[PDB]
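Enquirer: Can you make the complete structure from the sequences, with help from the hints?
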Amino acid sequence: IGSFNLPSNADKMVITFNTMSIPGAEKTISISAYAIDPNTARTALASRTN
Amino acid sequence: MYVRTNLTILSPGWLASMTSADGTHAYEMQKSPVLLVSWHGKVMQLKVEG
Amino acid sequence: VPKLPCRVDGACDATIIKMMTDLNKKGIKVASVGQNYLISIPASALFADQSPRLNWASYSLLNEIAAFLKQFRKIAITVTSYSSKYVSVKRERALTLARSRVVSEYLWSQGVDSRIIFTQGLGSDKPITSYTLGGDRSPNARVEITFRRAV
Amino acid sequence: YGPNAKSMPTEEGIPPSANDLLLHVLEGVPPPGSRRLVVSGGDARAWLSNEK
Amino acid sequence: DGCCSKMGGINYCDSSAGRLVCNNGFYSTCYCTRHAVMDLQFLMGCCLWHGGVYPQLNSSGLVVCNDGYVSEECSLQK
Amino acid sequence: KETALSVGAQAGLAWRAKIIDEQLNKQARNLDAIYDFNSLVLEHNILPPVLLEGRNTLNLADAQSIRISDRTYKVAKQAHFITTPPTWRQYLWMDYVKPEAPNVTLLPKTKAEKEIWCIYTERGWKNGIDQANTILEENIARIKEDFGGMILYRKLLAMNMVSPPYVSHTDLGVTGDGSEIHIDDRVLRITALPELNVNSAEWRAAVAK
Amino acid sequence: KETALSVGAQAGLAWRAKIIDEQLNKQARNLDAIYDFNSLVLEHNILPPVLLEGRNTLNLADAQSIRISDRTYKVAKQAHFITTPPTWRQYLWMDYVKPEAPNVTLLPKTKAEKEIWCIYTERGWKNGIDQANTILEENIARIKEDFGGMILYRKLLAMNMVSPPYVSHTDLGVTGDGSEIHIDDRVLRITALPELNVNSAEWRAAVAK
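Chains as they are written, first to last, in PDB author numbering: chain MG, 900 to 949; chain VH, 311 to 360; chain BK, 38 to 188; chain CH, 259 to 310; chain BN, 39 to 116; chain KC, 60 to 268; chain JC, 59 to 267.
Just so you know, the hints here were simulated from the structure itself, not pulled from any lab data. Worth double-checking, as some hints may not be accurate.
[What the hints assert, rightly or not] Distance condition first, Cα-Cα at most 25 angstroms in a straight line; then the derived DSS-like pairs of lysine-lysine:
1) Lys116/BN <-> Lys55/BK
2) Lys202/JC <-> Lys59/JC
3) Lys202/JC <-> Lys116/BN
4) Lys55/BK <-> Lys122/BK
5) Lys157/KC <-> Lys185/KC
6) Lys66/BK <-> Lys44/BN
7) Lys357/VH <-> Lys341/VH
8) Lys116/BN <-> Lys172/JC
9) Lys135/JC <-> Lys184/JC
10) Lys84/JC <-> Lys107/BK
11) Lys213/JC <-> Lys352/VH
12) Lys62/BK <-> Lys116/BN
13) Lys111/BK <-> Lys44/BN
14) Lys352/VH <-> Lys135/JC
15) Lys76/JC <-> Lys40/BK
16) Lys310/CH <-> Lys214/KC
17) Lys202/JC <-> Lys135/JC
18) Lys116/BN <-> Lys156/JC
19) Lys40/BK <-> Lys84/JC
20) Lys172/JC <-> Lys911/MG
21) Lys77/KC <-> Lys170/KC
22) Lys116/BN <-> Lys59/JC
23) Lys133/KC <-> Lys60/KC
24) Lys40/BK <-> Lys156/JC
25) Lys185/KC <-> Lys40/BK
26) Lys60/KC <-> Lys168/KC
27) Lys173/KC <-> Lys85/KC
28) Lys163/BK <-> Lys66/BK
29) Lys173/KC <-> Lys60/KC
30) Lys156/JC <-> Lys135/JC
31) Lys107/BK <-> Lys44/BN
32) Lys111/BK <-> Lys84/JC
33) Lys184/JC <-> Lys116/BN
34) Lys133/KC <-> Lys214/KC
35) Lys44/BN <-> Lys63/BK
36) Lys40/BK <-> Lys85/KC
Expert: Put into structure tokens, the structure is as follows:
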């Protein structure tokens with residue numbers, strides 16, 4: 900579970916993902932990390948921009 | 311028969327046995343006039359009357 | 038279906054029925070009572086005349102009858118040979134035993150997975166036709182394979 | 259025996275006879291609390307109660 | 039597909055032998071219940087002939103059967 | 060999704076159960092003919108107990124410990140009094156409830172959805188069928204077990220290897236105060252439960268001809 | 059890249075496992091005729107023990123210090139009960155499951171990427187094949203060592219150097235209370251584990267013709 904960011908310019912988007920939980924036993928770690936494009940090595944979003 | 315020794319009885323059988331820490335064995339077993347024992351690797355007969 | 042086998046491997050009822058009708062059209066006797074099956078083959082179309090020798094065409098018949106016999110799950114097979122009264126008792130008896138040995142050996146080399154192959158021959162003790170004019174051509178001399186399909 | 263009797267000797271006797279739930283298992287009554295099991299390839303049933 | 043094909047046809051699935059009954063009185067070549075007699079020789083699965091697969095969620099790629107012996111082909115390759 | 064599969068499993072369980080109860084009701088008379096109990100009842104309206112016999116048993120207790128027994132006998136349920144012969148309807152009659160709730164959320168809209176709907180529904184259906192048959196065979200096994208134990212008690216009593224039940228009754232005339240009266244008093248008690256014997260002389264060997 | 063290597067190793071390992079298992083199952087009967095065990099078990103169904111043989115052993119401790127033994131004998135695994143003869147199936151079978159999980163990460167984009175994906179899968183296939191071959195050879199060495207220890211014990215007991223195991227049995231009549239009975243009880247114990255002697259007199263030699 901997390902959220903996204905709002906950049907100054909709309910050529911990209913990053914994702915705020917921190918709420919990481921492994922099931923089964925009652926635990927939930929708090930690791931936050933950032934996002935890169937799979938298979939393209941970028942930091943943007945695949946959508947339209949016009 | 312209640313027989314106490316340091317030998318170990320092999321052939322004619324037993325029902326209850328107590329082995330202590332020092333090396334003494336007490337056998338509670340069914341009545342029999344002929345016993346078979348082994349002194350640490352050698353085999354002998356025990357003939358007990360009554 | 039992906040792990041459960043739907044039918045028994047290497048058998049089809051249409052194949053069984055068609056090849057059984059082909060055998061009956063060939064004239065080899067085929068009979069089915071209950072869970073039991075009896076196949077009777079005349080001696081003249083199989084062996085040499087009163088002698089344990091094989092024509093080269095007979096291997097084709099043995100081939101197709103083994104292919105039919107692989108279609109059923111089996112447990113025990115019995116092979117029994119019958120002859121004509123020719124010279125003695127024991128000559129005919131040993132001829133029957135040799136014939137049974139040859140056919141049983143070739144079947145056991147072929148693909149029937151029987152747990153048991155029993156083989157014996159009795160010469161000319163029990164006939165099935167009182168008309169005994171012919172020699173090896175007469176139908177009272179033959180071989181039979183009898184077996185029971187189980188479960 | 260006093261308070262520091264460390265060498266208490268080993269006591270043993272008759273092994274157990276048999277496990278008595280096998281009667282119910284043999285007859286066809288599954289034991290209490292068990293789970294059903296799936297058997298493929300034959301005419302058999304099975305159960306699991308206590309990791310046995 | 040037709041278990042009693044080119045004959046009388048399907049009667050019912052007898053659960054005693056686990057077989058279809060053809061309308062002509064023969065037991066079919068097919069099967070209909072899992073409690074039948076199949077010639078089973080080949081299997082799937084991992085940690086066989088041991089305690090089975092221990093079903094816990096492991097931190098690593100190691101997977102060990104319940105007897106303590108491991109299976110490196112069940113484990114990954116690194 | 061899987062909801063169609065689960066509700067189809069429920070529906071198949073219900074339909075197989077209804078047909079099973081129909082067939083079990085329709086075959087009626089021979090059922091209670093073969094499962095008599097009132098012919099098997101004892102003297103004082105006592106339900107006779109149930110016995111279990113095991114033959115040729117081996118136990119491995121652990122590494123290097125084995126025990127071998129020839130025949131073992133066990134009393135399962137202790138006998139007691141009763142007022143009615145038990146019948147098979149408290150062993151075999153399955154429950155039934157019509158499932159009236161197909162949850163109208165995941166109705167199909169495309170033909171692929173219809174396809175997966177159909178296939179998941181039928182495999183759930185066959186799951187429910189097999190589950191119902193499993194319940195039925197467990198019930199028939201348990202009632203077979205009960206009757207087998209009862210008749211084994213009967214033949215052990217024939218073979219003189221169990222004590223019969225023992226009963227004392229006490230008798231009184233009129234009792235009570237001037238406002239509440241009873242004409243008679245019969246108090247019926249059992250002191251000795253039926254049980255196995257351990258000695259060697261009383262064993263009664265059988266024969267046939 | 060790394061995905062290609064991982065799935066190449068997995069697919070090669072699985073396919074080689076399938077081929078080896080199929081060959082091993084197809085040659086079935088002579089395998090069991092070779093590794094019979096039931097023609098080796100003793101009288102009381104005790105599995106005979108495992109022994110090991112070493113000849114002309116030299117140990118250098120350090121300088122000014124060496125020891126030489128002409129022959130060594132080691133007990134490996136103690137003899138104990140079995141309720142079944144073991145087979146080769148728990149020693150020779152290997153597990154197998156086709157992995158079908160591709161997750162496209164280092165993307166096959168160009169034809170160059172497609173072919174480097176191909177050749178990395180090729181070398182992964184090579185590695186998986188060699189891994190499976192190594193595992194199979196390790197297992198067959200293991201079963202060879204076990205059976206060799208067994209038959210070595212048999213010939214040593216023939217050679218009169220290992221004491222045979224010794225077993226008592228104790229009988230009991232009808233047992234238990236009036237609730238549970240057993241007809242006869244027999245308890246089978248052993249006392250002497252088999253072991254090697256040290257005396258010089260009891261040795262026996264053999265000579266053929």
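Enquirer: Which earlier hints can't be squared with this structure?
Expert: 1, 2, 3, 4, 9, 12, 16, 20, 21, 23, 27, 30 and 36
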